[PDB]
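We begin with a single chain expressed as structure tokens, specifically the form deposited in one PDB entry.
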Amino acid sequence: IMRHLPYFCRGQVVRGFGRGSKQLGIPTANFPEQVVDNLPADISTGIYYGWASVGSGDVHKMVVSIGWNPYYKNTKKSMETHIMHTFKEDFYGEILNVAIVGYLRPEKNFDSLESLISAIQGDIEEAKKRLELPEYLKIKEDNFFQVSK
């Protein structure tokens, strides 16, 4: 009902299970439990696409997962952002600025690491396309991000 995205929020980038880069070749920046549990109720668990900036850096496209990761069966709900951008160094401890702008699909279980990697890869592409809609690109100019720098 709060599908009145975009939804903005900032979170400190903290350690996850060490699975993204290591198992999937897809790192995700993880938010602290306090940020996740304080998310608006209307935000469903699932996979979204949107914008993000690390610190006072530039805004880039991204996909973010909000849930329990059915494949790994996590106990605590998480919020993980994968930015479609190549960074030279890791940014643990930095503040990640985020704008969730659209819903892609819900979290799923898979029969193999391969199937999951492939689905995630799929979200990234779909995201790459949808974020081009001008209505969405404007979001990238929102004051919320101008203040980041």
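Rigid core here is just the name for the largest C-alpha set that superposes within 1.5 Å across the two forms. Numbering follows the first chain given and starts at 1. What changes on going to the form deposited in another entry:
- Fitting the two forms on the rigid core leaves the C-alpha of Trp68 displaced by at least 2 angstroms between the two forms.
- In the core-superposed comparison between the two forms, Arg19 has its Cα shifted by at least 2 Å.
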Second form
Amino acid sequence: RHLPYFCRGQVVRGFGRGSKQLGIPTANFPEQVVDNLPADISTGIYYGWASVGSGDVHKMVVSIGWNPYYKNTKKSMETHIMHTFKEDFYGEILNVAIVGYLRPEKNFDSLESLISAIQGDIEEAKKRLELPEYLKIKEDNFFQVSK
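Okay, that is the form deposited in one PDB entry; can I get the form deposited in another entry now?
Shown below: the chain alone.
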């Protein structure tokens, strides 16, 4: 209902061990950005398009979850871009267009099942983003302003 959702934010570090350890880096936005999501953007896994600073637009998956740590029930958001970056981009602006919903959050009983799930979400996102209604969002002026 609030898709496609467009937002931009500084890329910031997270806590615990980064998902770089899984070969699947996940970029965070400051709390200010996540707080401005409409409530109807429920938790779960979404897919869409992203660029960093003035770079090209690439396919991405976003995880929207509950934060265990802040007062009230604050959400969290983290984006994995399906593009190999030559270096990190902390502090740069990540521009995102969230275009579709993949699945609700799920509980997994091992890292094996978690990693397999994430890889499957990525492969499914790549397929869904080829649909003409989603492929066109790559060309949105939203992304053209950043170049």
